[PDB]
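The chain below stands alone and is given in structure tokens; this is the form deposited without thymidine-5'-phosphate (TMP).
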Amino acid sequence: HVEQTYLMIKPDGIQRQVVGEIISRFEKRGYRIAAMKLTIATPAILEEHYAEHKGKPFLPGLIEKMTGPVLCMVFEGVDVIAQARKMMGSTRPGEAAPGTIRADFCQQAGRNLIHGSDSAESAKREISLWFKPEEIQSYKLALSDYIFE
């Protein structure tokens, strides 16, 4: 049993030019790239993505910081939703564990490089929001026998 999570490199990850390093961290565990698309996030789609924060005073500045290039991604693996969150580390980089993305690259929550789905429900919703179902690609990793039990 594998699952799929939605991961998104935020504009700071694009502008700091660490896209390849981020992708490599997930590839290193044998997670499969099931979907990938560069876009520019706009306020209308960001309001849907951040629907949980509608009306909160921090939302407008959050949307402004997220208005820019982003890399939309779907990765597949065992327990990948929870594992990707663990690899990202805490929202606040100063609290994130050493060896996580946020601790290794970042200083503050307002520029923390990457978004990842926090639950199966959020992964389904976020994948649907940012990708058409057709953009999710089906193929098998050739090294599967040495990654999976």
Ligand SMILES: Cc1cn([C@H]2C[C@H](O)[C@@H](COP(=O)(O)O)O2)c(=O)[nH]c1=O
Second form
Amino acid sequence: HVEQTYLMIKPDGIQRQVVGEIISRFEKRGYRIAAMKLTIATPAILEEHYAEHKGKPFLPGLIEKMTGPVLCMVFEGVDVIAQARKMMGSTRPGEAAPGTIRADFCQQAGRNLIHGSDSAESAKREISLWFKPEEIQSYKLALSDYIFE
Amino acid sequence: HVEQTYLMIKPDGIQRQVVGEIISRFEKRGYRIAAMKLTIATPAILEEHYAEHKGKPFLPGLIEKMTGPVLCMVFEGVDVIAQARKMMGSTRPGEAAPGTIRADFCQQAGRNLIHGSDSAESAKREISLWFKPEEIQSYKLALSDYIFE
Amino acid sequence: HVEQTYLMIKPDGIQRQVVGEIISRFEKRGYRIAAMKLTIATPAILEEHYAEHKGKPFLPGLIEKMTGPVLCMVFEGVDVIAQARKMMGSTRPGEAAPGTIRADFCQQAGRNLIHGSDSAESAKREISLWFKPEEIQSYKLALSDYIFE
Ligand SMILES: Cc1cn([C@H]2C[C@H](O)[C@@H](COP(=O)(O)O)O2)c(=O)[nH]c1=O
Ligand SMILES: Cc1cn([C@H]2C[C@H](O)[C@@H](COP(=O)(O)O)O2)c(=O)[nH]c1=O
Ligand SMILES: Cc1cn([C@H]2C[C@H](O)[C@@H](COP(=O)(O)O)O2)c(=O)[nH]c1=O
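Given the form deposited without thymidine-5'-phosphate (TMP) above, produce the structure of the same protein in the form solved in complex with thymidine-5'-phosphate (TMP).
Following is the full complex, with the preceding chain placed first.
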């Protein structure tokens, strides 16, 4: 069975103009784009996005870094929630494995280019926060027979 | 002291049209193309290719996935049998390291893009199965002095 | 706090004509080019560079391999000394992780494409040996707000 994960290119990904490169990494595995939207993230939606960190001293700083243009995305694939995390790499780019997004593009955790859901529960919540159901698109990849066993 | 390994692009590599990208990964290390042939794999040759799994319940499914166009290849280099295995990554793409072929391109073991010999004995057997001696080409890379110590 | 490291493309990197690819890997992380110079390495400068190995039987062959065009470089970034070492990978390419320069381009330690400082002390020593201070340039990257936290 496939699943869907929420991936969001942060303002540093937009401003460094690596959006296409990021998308290509997920397309390369035959992951399907199920939703995609450019918006400007605001403090009120980011408070909900970062709800697990309510009341923590670092939350204002997380929100400030994220206040800016973002690319909201939903990708579909086998085990894609865990696999996208593996592809992003460790929170700290300096600890991330070579070949991951954060190791290949970044230096510090506060500017680590991309967010991805950390669990099935978070993916469901995040997809619902940033997308309406009518924005989630269902279609089948023509190469499905050569992607899925 | 170089050796030769058998590498085969499976039908999913052909149909997803990533043959050139795969070849480029091996050329990038200064591995030498010693043989290359496009064919359509037959059940008869695949039964011998997969002889280790004779009688196993999953063998018919393995053969069915592989009955299609394939690119047979022989690459030469230092430690190239083990090194090509490392470059392909784990059989299951989800367990493969970022930066390997299977992690970068694939989702499931049954569609994992590429075969490579797993040992010196297997390489000798597989090269002999898929190639005639007259198809194996001997020449020296002009950059040899800058590739080999 | 950023630091600076000495990175040198060896004659195999020049002759295999992958200079631009190497530079792009470091630029991709927002590391700043603080110095860059093409020269031809000579035995007298290489003897100082490899001073720790004076008298060892492998040194004459090492110096022979390194007598040729080289690209001297200084890159600046957070933790860049350790990070550049990680990006190069193990001295022996066969042991280097997928996604590192040496794993992606090389076969043997004697032709492993690139040198990088192993410590802050070595970086200071190597930058003094290979560059004049006139050659180290001070300027700020315009994307700093999106590279550094
Ligand atoms: C941006 C950032 C996030 N994180 C943590 C906060 C969340 O628990 C997790 C995912 O954050 P993210 O949604 O901003 O990618 O990473 C840090 O520890 N340091 C940072 O600098
Ligand atoms: C295709 C496939 C191969 N394998 C095993 C069978 C062989 O022992 C080994 C290499 O197979 P391969 O020649 O098809 O790459 O991988 C699996 O365990 N699962 C799979 O889905
Ligand atoms: C080129 C080379 C370097 N080295 C060691 C010597 C130095 O301690 C370290 C870095 O050397 P380098 O300046 O040539 O990169 O690598 C080997 O052990 N084997 C080799 O073939």
